[PDB]
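Take a look at the structure set out below.
The complex is shown incomplete by one protein chain, all other protein chains being positioned as in the whole.
In this document, chain identifiers A, B, C and D correspond to the written order of the chains, with residue numbering beginning at 1 in each.
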Amino acid sequence: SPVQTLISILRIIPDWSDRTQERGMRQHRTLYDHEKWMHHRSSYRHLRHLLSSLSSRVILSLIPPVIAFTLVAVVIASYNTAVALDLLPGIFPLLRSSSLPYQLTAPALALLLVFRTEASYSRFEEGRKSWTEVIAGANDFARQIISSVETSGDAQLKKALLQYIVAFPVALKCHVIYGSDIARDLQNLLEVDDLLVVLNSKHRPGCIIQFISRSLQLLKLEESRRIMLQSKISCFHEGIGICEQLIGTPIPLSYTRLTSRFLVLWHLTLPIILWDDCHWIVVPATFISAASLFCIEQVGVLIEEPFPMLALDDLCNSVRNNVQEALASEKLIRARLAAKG
Amino acid sequence: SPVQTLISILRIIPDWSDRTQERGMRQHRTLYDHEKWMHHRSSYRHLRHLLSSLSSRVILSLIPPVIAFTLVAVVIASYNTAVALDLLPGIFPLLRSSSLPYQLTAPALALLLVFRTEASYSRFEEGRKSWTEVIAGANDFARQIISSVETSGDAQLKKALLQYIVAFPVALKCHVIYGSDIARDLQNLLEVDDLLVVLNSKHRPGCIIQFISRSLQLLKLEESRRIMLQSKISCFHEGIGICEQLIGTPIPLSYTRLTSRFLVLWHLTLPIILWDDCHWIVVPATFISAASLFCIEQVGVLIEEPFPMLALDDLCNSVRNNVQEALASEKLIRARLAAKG
Amino acid sequence: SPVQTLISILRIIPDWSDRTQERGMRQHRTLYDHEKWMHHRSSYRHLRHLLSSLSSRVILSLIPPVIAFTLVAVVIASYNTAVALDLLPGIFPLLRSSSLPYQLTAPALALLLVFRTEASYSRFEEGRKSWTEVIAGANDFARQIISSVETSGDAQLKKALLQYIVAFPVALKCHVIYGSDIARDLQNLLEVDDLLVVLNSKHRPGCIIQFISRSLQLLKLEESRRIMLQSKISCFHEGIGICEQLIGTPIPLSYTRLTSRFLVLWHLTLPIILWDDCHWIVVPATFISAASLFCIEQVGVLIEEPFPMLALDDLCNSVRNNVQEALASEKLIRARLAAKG
Amino acid sequence: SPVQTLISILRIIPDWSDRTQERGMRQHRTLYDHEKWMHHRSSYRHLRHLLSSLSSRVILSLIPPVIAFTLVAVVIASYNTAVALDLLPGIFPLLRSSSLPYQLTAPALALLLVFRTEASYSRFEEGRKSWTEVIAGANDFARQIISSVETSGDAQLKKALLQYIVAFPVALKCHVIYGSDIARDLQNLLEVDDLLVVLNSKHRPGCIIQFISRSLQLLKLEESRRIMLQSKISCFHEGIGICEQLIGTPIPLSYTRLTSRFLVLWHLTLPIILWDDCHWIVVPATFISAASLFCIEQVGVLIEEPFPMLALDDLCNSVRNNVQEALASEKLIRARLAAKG
Partner (left out) sequence: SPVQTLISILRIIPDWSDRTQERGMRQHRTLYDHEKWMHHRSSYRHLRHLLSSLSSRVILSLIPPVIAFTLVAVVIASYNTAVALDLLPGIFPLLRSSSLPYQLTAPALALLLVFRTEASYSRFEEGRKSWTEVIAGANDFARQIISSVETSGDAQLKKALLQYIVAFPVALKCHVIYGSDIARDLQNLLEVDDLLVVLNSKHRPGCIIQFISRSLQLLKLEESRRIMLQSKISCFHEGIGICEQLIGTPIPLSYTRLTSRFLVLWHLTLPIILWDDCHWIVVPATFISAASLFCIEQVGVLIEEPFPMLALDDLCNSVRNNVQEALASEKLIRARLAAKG
């Protein structure tokens, strides 16, 4: 009760920040087109990024660490002022230091921070490339199935097989994104009895891969054609592997706890070394330093698991859009080439 | 009317800058040859880059942010001068600070700026490599079709198939470049009825891939030869995938808004920390700092979507030039090897 | 006895640190799920990393080098104080220097330290990717064996072959991790006579690869199917090769001894150059500098051989979990596709 | 005449520098062997690099920009001296400034310069790897042709085909190097009528690829063997693609004009900020700064198109040397294996 009520009050802003950041990660994202790129590289982008700072998910996550160090600066400033006004006994010293130790270690701090954020950006690029390969693989496999499968007796199996290659990116998205309804997202993509088996499996992408591999065995193909055709599933297994490792295995905790601890120690004694040249300007100085330096580390932490920063619904809808345009256009391209003669 | 007329006047230079930069991105680009490389690595390149600065697209895009911070410096300088001349009441302080907080965070700013521009350059290299692979793939596929297809009954289909492999890089260019007339750029490359189906499809590169895949099924080939031959389409699907992701998915907005916000905050208080050592020299100092530092970020923003910085018309014309030289030379190489005996 | 007892006392803290770090490398690690990622990117992560510092394996390994340089600072401070109080003869000078040589070489030290840790992180990413490829390869091979092998006469051999593809990641983990009981970890995965041959071989992963390759020769397959099927073993040979080279071949000893020697020389004379601006504050300054800078190098040394920082038991159990879900679901997917007709 | 004669005199040193650098790019280069590596890592390498500075191609290209900024420093110094001696009217001020703006932007300049040179080095490594792949591909293709082709009726065609695989790296070198006589370099490698068709083609590497592909169609091979054999031409198409893109597409002109303009602005006002601490030492200081900083950018510009920095004649002669050693040794290896029995 006496000390428990103090911790509960201090546990309000960080709880609000955690709720705000996590709700901001469920936001729907969209593929950039040309007119959105024009808006991106505009003269007003510097004004509009500054005025949208208070609604930014990254800025609102800095509120706990920036407030924490600003009160540390205010307490150091208050104590140093009390010593300067002789309001405390002579035994109490003035908390001041030379900036020279910090001038020797500043480049070490900057290189650690920016390299940690570069490691996070590398894992985002790995995610983006893996999804590029899965979507190009599904497009390539669907294109080849539309051309390869010809027999009138395999029409139902060909239709089923084209439904699973569209459904695989959706299942993989529902595997990598938290709180995703695969049943709703596959309702119009798989058959009612088709989807029941998929919903009953622990590994939904793997299960759909299994339906793909068994359809290729029941098709009436020459063995060379089937071997060529079942070589395209390895793309899906590779995609599952890369996507599961970015979720399972983060950047080593030693490497990221180093950046965390360095930044916390640097802002704890930053008002002490800055006292001689700044006096009460250590409060705004520590506020701006903590906001700037913790923002780099915050950006690194948010993109370290990158699948929520990708337009995976639009990437998945692109494969579905491509197979319809193709099955509609088949009639026309077939009549056009018949005419060449 | 009273405040609306002020915003309209302030919305003139950024509108002019946005119009100038966007018109400069439609410029026709050309592949470097040897004598253009000699001009590139000349002693006069430092003079000619400086004298062509006022016509540079990047420099004219810096005019809004550089003017904005130069008037901030002029207002801070005017206020500090009024305090120094005792033209304001004693309550009004002098806006001055120590440079020591900025000396600790300078390397963090420099590393963030230069790493952001390096991320943009990485996406340009990804674009350039993808186009390298698509053009080498189209050259390789065309070379193999000229050698593989022999039957006199497949001459029309072979000619048609060589027309689509030339047309695929042009369709992909017209997919990635804004305001591109595919109908005009494919007028002499595809047949009149051939192009109508392509113009009616939502995915023109995909449609041409579909015409390629169906021609390979109607060719009278051995199945091993056809499987070898239809393995070269995967290059085109990979090219489409990489090109669509560089347009759809930019560098995460957190990562680039960080660099934007850092630079805006750094130049807002830069005249305050520089006042003690510079006085009215904060105006030229802030002008040069804003011009130098915003130019790095501007270069990063312009090459982030890189397909307008590539000579995609010359890369596409190279594939067309190669297939003619080949179909002309076929007669000669065939007679030369017949003679070996 | 007189000097041997002094070395034994000085050999206590480093022995304790070496025991603590090595016991901390046998810790069981777990794949991150979604709610563990939420905990990772929390507002409290800066507080909880600081309060868990005294139990951190990296921090307890810094105790020997941080104590060593803190007593060096205390001895330099004591000597300089004795000179300032004229307690020593006039011949004895004051150990002071200018910081200007250190201000010119600080960025060289920071770039060396952070690049060494980046080299270590690159070897961790190489390890993580190699295990990604091995697990995706085993999943892909198992999926294809479940579909490819059909003959009722090859049921026993198919079951045996699926047991070795699950067992290969476990043997490779027991090859790369020290003090690993392969006999206990393969007790329920291979047959009793199957495991005796594996336990008698010097290269257990290689031996299991050999059982896989011989099963593929005894299967009643068409030669094209078998060639397609025995192309998936190359993944396992590549995995063995990459995993053995990260253990056998460290980062060149020149490159890492450079960072070691630089840091030792920099902290030996750091209290001498800092004396004029700090006086007795060289003790806390050297303590914090040694703790910060040796922590970067320590993080680099711990992840340089990275296989203990990976959840290799969970990655291995995922392949076993996937093949059961598959052999259970086979009955259902077969009845579902039979029904398409 | 009055102003034209001044520009002609100022256009002498840059013309001489451009002539010297361009003649130095036609120099014959040689593959390092072991005793040249011993000379490379010698104790005297620091003395011999300094004494060979005046004959260095990079140093003689710095003469125009280093002289230009040294006279700027001399003019600023002369003007500041005239003000200090009161030789000009009181209205004329002293051109001095604080170094603090330059101390905040120094790391930005250094990171831009060194990253630009790293981009140039990346394009050199891309060139070197592409030539590695082409030479290994030609060696691999020649080795397989010597083993695969057996029929006594295909001896003439086999000899012809081995002549084109040796000739392809020479044609690609003559495609990428300026002023290269392909007729002289292929005189002893192709037949007299063979070379006439190659000389008449606009794309000589492509033409030789076409002679290779047509020889493989006229060989009496099984179709599986021919498909295996014509899969090795893709290496040559990839080599042509990568080599043409490094010549056609430089590093984006925005990115390199940034480094150019930054360096020119930094050395223009460098004597003004250095006046208070240096006085006439701004002339040697600006001379050394311009020589050091423009040398980094110069190195970047010279290796940006890297094919003249490679020993392409020695790499091409290695493939020719390997096929002779092989066709000579064939008799011996055939008799050795016949004897195994």
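In this text, a residue touches a chain if its C-beta (ideal position, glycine included) is under 8 Å from a C-beta of that chain, and two chains touch if they have at least 3 such contacts.
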Subject >> Touch partners, limited to displayed chains, of the chain removed from view >> reply: C, D
Original post:
In the full complex, which of C:71, C:82, C:218 or C:339 touches the chain missing from this view?
Top reply: C:218
**OP:** Identify the residue among C:209, C:282, C:296 or C:315 that touches the chain left out of the display.
**Re:** C:209
Original post:
Among D:167, D:274 or D:316, which residue is in touch with the absent chain?
Top reply: D:274
Original post:
Which positions on subunit C touch the chain that was left off?
Top reply: 13-15, 17-18, 21-22, 61, 64-65, 68, 97-98, 100-101, 103-108, 110-112, 115, 119, 122, 156-157, 160, 178, 193-194, 197, 200-203, 206-207, 209-211, 213-218, 223-224, 227, 230-231, 233-234, 237-238, 240-242, 244-245, 247-252, 254-255, 257-258, 260-265, 269, 294, 301-302, 304-305
Original post:
Considering the entire assembly, which residues of subunit D contact the chain that has been omitted?
Top reply: 31-34, 37-38, 40-46, 49-50, 53, 56-58, 99, 102-103, 106-107, 109-111, 113-114, 117-118, 121, 124-125, 128, 131-133, 135-137, 139-140, 143-144, 146-148, 150, 222, 224-225, 228, 274, 277-278, 281, 285, 288-289, 292-293, 295-296, 299, 302-303, 306, 309-311, 314-315, 318, 321-322, 325-326, 329-330, 332-334, 336-337, 339-341
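The rule is short, and it goes like this: only the chains that are shown with their structure count from here on.
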Original post:
Can you give the whole-Å distance between the Cα centres of subunit B and subunit D?
Top reply: 24
Original post:
Which residues belonging to subunit A are in contact with no fewer than two other chains?
Top reply: 103, 106-107, 110-111, 224, 302
**OP:** Determine the shape of the graph in which chains are vertices and touching pairs are edges (line, ring, star, complete, other).
**Re:** line
Subject >> Touching pairs among all chains present in the structure >> reply: A-B, A-C, B-D
